[PDB]
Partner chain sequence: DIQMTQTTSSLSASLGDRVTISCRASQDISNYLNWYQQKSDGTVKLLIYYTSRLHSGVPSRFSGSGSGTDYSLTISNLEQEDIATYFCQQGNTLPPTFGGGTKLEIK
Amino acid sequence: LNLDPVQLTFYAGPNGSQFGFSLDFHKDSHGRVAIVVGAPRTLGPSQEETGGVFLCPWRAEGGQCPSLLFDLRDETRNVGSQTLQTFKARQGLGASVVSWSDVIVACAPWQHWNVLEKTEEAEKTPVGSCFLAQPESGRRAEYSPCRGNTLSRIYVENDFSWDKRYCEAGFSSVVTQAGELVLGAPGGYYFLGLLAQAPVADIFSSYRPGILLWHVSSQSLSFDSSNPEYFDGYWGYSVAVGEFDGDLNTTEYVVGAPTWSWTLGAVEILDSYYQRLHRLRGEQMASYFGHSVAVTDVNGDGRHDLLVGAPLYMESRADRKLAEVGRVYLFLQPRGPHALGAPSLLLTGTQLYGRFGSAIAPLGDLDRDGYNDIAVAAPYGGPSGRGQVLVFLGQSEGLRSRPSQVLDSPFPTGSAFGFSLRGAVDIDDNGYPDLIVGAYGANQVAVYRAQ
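May I see the structure of the chain on its own, in the form solved without its partner chain?
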């Protein structure tokens, strides 16, 4: 409601670099807030699309950014009879970026891994392997919980138990307040999905350059399941952390699954041991249920509620019986041990083919009314199919179904405006959070300063 669309700011990078995909705030020790924008298609040194991450300062006018430097060179090692290789071409470094405190974990979900043995091999599978850096201190480390030398024949004879080869680790990167690095690997364990948590401090303090295959002591991962219901969950598509147990000691893991229970979709809530506590099936099948989650306290009571996006929520109309307008569900959290049940609120879109709900961002007390507000994405909403960002406000009963403020796309058609959203950080020290939105079609990022 107070996010002005007149005064804009435009950070652009290389052309044809898909800049602006994954973007985050970054607060230093002195309180200055920088911006860490990913760009999974920026060219590397070898004239190849090795991705990139640009650390853009806060400038009122925007412009170009100085890129962070990471090891973008292929590594080869010979340990015993095994030859370890890591491949960085077409890795999309920046496709999932997260920054916590003073550490930038800019992750490349497609850094491949392979192991050779005479004639046999472990296959170059997109395990995903993602980097860490501390620009203020200049310390560098890497982590990849799904690296193993198990051969193809052994996996075939065993029949695919504990298969992390297809992890794509770092895809869903959320860092706990405690300091634990949580990764989501929707391709692991027979292409059902997993979750991988290891400490950030252990990651920094247990990495040695030049060793491709090593394991952290504190690595704790999920468990494979033979349940035919669970097949192809993509479990880990978007991890979220919040208080869903009642005990402050345990930070529970909210995990989305686009496909479950015969192509329905689900959103699960599990503890630090990855044991199931709650599970919310999809209300309408294959309607984009199981991707977007946003653990935020919408009602203001103090209990962390839940949001789920569903941009392909098709409904009925009068002229024609089809209306793909997308829908954002609300699941409140009842007092006591009662589980989350029917969807407390159903937010409807209006523009057909609107793609409404592709990203949900908790913008905090945007109006300083006392309740958390969210901004639901729409890459191709609006009358001309250019893009919309719809801001829904929070209240005691939930969310107002009327978008208080809709931001139209400065960029031309095809920019996918509104794809990635981040909030709840005061970039101008004016008292209200300033929202930044990524559009990779225009290779630009629009920073709105709240009034």
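Residue numbers count along the first chain shown, from 1. The term rigid core refers to the maximal set of C-alpha atoms that superpose within 1.5 Å between the two forms. Compared with the form deposited with its partner chain bound:
- Once you line up the core between the two forms, the CA of 335 is the only one from 335, 368, 118, 208 that shifts by 2 Å or more.
- In the core-superposed comparison between the two forms, residue 161 has its Cα shifted by less than 2 Å.
- With the core held fixed, the Cα of residue 261 is displaced between the two forms by 2 Å or more.
- Residue 248 is not among the residues whose C-alpha shifts by 2 Å or more between the two forms once the rigid core is aligned; its shift stays under 2 Å.
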Second form
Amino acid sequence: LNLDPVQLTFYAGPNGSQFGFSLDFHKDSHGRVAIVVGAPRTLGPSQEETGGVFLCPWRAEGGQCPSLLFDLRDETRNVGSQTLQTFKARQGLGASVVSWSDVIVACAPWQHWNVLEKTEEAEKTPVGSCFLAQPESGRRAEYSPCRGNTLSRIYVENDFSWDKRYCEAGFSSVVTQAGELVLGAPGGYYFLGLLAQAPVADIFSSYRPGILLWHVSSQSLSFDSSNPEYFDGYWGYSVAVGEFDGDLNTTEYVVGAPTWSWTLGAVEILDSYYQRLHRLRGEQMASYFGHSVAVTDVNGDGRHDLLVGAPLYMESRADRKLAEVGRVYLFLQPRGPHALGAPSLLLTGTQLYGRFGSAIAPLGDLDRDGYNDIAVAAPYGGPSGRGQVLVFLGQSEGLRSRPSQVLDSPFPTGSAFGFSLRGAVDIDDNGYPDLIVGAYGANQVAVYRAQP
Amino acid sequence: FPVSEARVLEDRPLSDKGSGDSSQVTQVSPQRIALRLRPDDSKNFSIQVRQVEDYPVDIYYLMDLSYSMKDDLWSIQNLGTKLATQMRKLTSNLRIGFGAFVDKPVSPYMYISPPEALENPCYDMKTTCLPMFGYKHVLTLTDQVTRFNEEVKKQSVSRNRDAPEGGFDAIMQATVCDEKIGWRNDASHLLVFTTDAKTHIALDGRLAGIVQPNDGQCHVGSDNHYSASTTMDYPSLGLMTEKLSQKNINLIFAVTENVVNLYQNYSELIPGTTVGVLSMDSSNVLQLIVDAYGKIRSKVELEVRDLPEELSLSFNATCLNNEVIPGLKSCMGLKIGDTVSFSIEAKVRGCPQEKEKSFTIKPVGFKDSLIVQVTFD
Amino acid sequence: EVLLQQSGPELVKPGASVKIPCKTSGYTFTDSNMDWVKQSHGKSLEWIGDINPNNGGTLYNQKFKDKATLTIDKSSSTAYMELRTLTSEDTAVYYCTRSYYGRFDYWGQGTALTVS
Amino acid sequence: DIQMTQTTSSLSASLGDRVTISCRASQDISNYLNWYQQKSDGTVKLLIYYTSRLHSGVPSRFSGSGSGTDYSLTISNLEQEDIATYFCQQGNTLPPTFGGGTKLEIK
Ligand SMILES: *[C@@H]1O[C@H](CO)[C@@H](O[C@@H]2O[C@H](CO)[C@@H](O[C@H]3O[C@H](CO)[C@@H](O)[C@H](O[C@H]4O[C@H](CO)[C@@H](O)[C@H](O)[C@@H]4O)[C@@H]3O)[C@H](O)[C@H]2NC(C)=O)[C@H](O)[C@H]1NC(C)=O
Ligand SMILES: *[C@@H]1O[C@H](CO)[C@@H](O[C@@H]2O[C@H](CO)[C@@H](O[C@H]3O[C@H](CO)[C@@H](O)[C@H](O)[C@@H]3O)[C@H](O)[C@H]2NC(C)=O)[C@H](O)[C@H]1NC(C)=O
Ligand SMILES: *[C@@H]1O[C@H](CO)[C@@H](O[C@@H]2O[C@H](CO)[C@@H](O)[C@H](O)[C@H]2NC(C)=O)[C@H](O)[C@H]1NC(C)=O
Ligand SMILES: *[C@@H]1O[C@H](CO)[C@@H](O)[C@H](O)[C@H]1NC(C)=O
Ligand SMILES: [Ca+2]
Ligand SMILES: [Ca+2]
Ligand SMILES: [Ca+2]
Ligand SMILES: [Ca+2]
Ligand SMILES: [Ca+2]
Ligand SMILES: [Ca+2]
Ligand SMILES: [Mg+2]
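Can I have the other form now, the form deposited with its partner chain bound, not the form solved without its partner chain?
The next block holds the full complex; its first chain is the one shown before.
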């Protein structure tokens, strides 16, 4: 409602680096809200694209941004009789960043990994990794939960059970309020998906620079289901956390499997033990129900109402039998005796191939009226196809039917504006949360300050 | 007082036979309408489409080539010769082509270690097989069929990592490359899509680091390979059904019984498509094309292109000789030859700020079309 | 420790309403709803009505929807169900349960009701 | 609505033993199914919820192994304090309908 776009602030990264692919705020020790922006294609030290993370300080003028000095160099270690080998090449270090208020958990899902024992190897694959970094103390810490070392001759002899080599862990990462780190590995157990929950304080404590294979010993991965619905589910493709089971100590994950049950897609809710609480099947196939999950109380009832993006949902019209516009669901968590799972609201896009719903951002109380207000984005919506960000306030029974205000992209066509948003973080202390939109196609990030 | 009236312009007779060389067989009548309609009114116009006999057919046999698909290269390796002589009685002159695909030649869909694996992914296995290809056009649509049974023997399977296959990268390139494959414009095109596993869709390639969405261009280069397959996402069903219509393609999912219920559900999202049943050794695909050509010529479902949001429709079908079904577009169970009719009532909305527009009421998979040069007095 | 300590047994002449108060202690009141369940003579219990402490929600069973005017006292952490037009067939025990994430955790006592 | 049925309305077994309270759902629900222990003279409390989640103040003997429509409560080491009427509640769709109630008897 109040995200006046006349005077933005544009943060720009190296040209050709997708600067803005994934972003999140980071409150420093002084309360100086600095923007973390992930650029999965920034050139490294070998003239190769190996990601990079740009901790943007909040400047009312935007511009360039100093990067976070991370490890972009391939590391090899002859531990035991195995050639432990990491290939930090095309790893996309920044494909999904997140900050636990002093730690920048910037992940690299496509970071390969290979171990050799004199004839054979683990079939080098993107096990992914998540480089952690405190901007104040500057102590790096890696965390790759899926760096196995079982030879490929054993996986083929176990019907690929516990085949967490393809994890791409850090594909979608969220850090709980208590301090855990919840990676989304939508390749774990052979593209069936998993999660890794290792507390942040227990990653710094148990990280020795130099050894590649190590188990945190406090982590907890998901389980390899054998239900043919789960196969090729890309489970954990986009995860979020909330409170869906009463115990305020534990937290509940909102894992979204977009290709679930033969492309139908379902967003599962599950407690800290990965035991399924809820499961929200999608309407129609090939719509990525669950490509982008979000969780916020959109009706001020104390319940964590989740939202599920369906970027490729094909609505029904009178001209096109099914014209692909996208759809954002709203599963209000019932405060009564019934259960979550009935879609309370169905927000649908307007522009064909706009992928309306590929990135939802719980801005929180944007206009200070009690109820939180998400902001959906269509990376190719609008009347021209340069992107669009729509702000849906939530009145009392869920969200508003019509978007309060749209944010037409100020970047040229192809910028994919809206591919990554973040909200509910006041970046200059107007008292109001300020939405920042990641236009990775134009290698920039736009900051929309919410003037009251 | 003003009045509304609508005249036809061409309204040429429907053609009985279609074996004429270049007589420009028309399968729709009328061809142009000069609909003159006042704001907030309605004036109908009746069309009558027809499936003609001996109409040219383009069988572009776009098949999967995963390692599980190698039991199938030994059956197809004599197809084309059989397909010709067994479709020669249902069409006068067909062109058969051949596409192929496995998946995006990138990790984690392909084995990229040990370095020999990129040279041949059947390295852990004892055998040998070609490297991975995203979509390699193999044979342009040719009239002579002895060019297809020769150009399949020179094809071999390439194995991937995950069960899904990059099929839709192929279905879309084969659709948006008219000059390369060679779609005869004056013909009905059947894109036999032989696969035995699920297929990736848009936003599925983000696991490989690919985030640029498919745009729908003819990226099949002069090497007859899908060039930009490792930097362009898969096509969504929305952007695929547009191309499959804009080029008048009747998709034929010729899939295996374990995956039929998957594609019998896609074919309710892609108009003008058929789903078959493919055995393990693909020995029924010769019979499966025909039953999918007699089941796609048994429908005249009307698609509308460039319909402005003001000019609504509410059109009463005309099925076999009596059946006025108001609201239906799908007079089904027809034959090769029997003509049907339609009764289309254009529901205009207000006065368009532009004086004149035009849309098309063409049937699915038929180049022959009814362009409606709508006018506003 | 949260106890939903309810009222005691009642007796009502037929055709006259009755009020069943359910006090809540501990457990800040507006965290969860305050449902209600009626257990009949056959010890088969079916629930009556929900109510939302923040704002009167009054979600009913559509079988008791008429004669179960559910009320609430946010300030005094109490909840009512004010049964009306009571009959001889609706003599039962009326629990004052609490919903909390779709369970009925905590019920408390149980108000014996009698119609003569 | 959804009608919940407990076939055995009166189950009986010796103390210190395991018994399984069955419960069926007319319409296929997910894994939403609570369990309530009601002993003599009221004081009904909540057992395992969501078909297996022990409540805060409940022993660790209770456990449920239901999925779909066929739900159960397998109590282990039946003590003297576990004799009560056990009601299964569906809590999926309004209105949540309870079970018929299984009377327990120590033998
Ligand atoms: C092609 O489309 C068909 C219809 O569009 C699909 O059939 C549908 O399959 C879904 C399940 O994916 C099913 O949904 C509900 O079915 C049950 C209601 O009868 C319900 O119980 C299901 O919930 C779960 O129930 C038990 C619990 O253990 C499980 O065993 C079930 O498998 C299920 O997970 C579910 O909510 C539709 O009813 C059904 N429709 C019809 C008309 O049959 C095909 O599956 C689909 N083929 C594909 C995707 O390959
Ligand atoms: C397509 O099918 C429609 C469904 O039948 C049809 O609507 C119906 O049209 C007839 C035409 O005669 C109407 O019959 C008459 O009804 C009253 C008298 O009862 C007259 O006042 C009307 O003017 C009309 O002459 C039906 O009432 C009408 N049914 C409705 C509107 O529900 C369409 O006319 C058909 N259109 C075409 C182009 O075939
Ligand atoms: C749609 O247009 C056709 C044009 O022929 C109309 O058909 C004529 O309708 C009148 C009155 O309805 C009849 O007296 C004629 O016999 C019809 N012509 C033929 C060849 O049958 C038709 O009526 C129009 N649609 C509606 C609903 O009136
Ligand atoms: C960024 O790189 C692309 C491709 O190399 C080029 O088209 C574009 O002009 C560049 N932009 C700038 C500002 O250099
Ligand atoms: Ca919890
Ligand atoms: Ca809520
Ligand atoms: Ca607000
Ligand atoms: Ca602000
Ligand atoms: Ca096969
Ligand atoms: Ca594959
Ligand atoms: Mg295969």
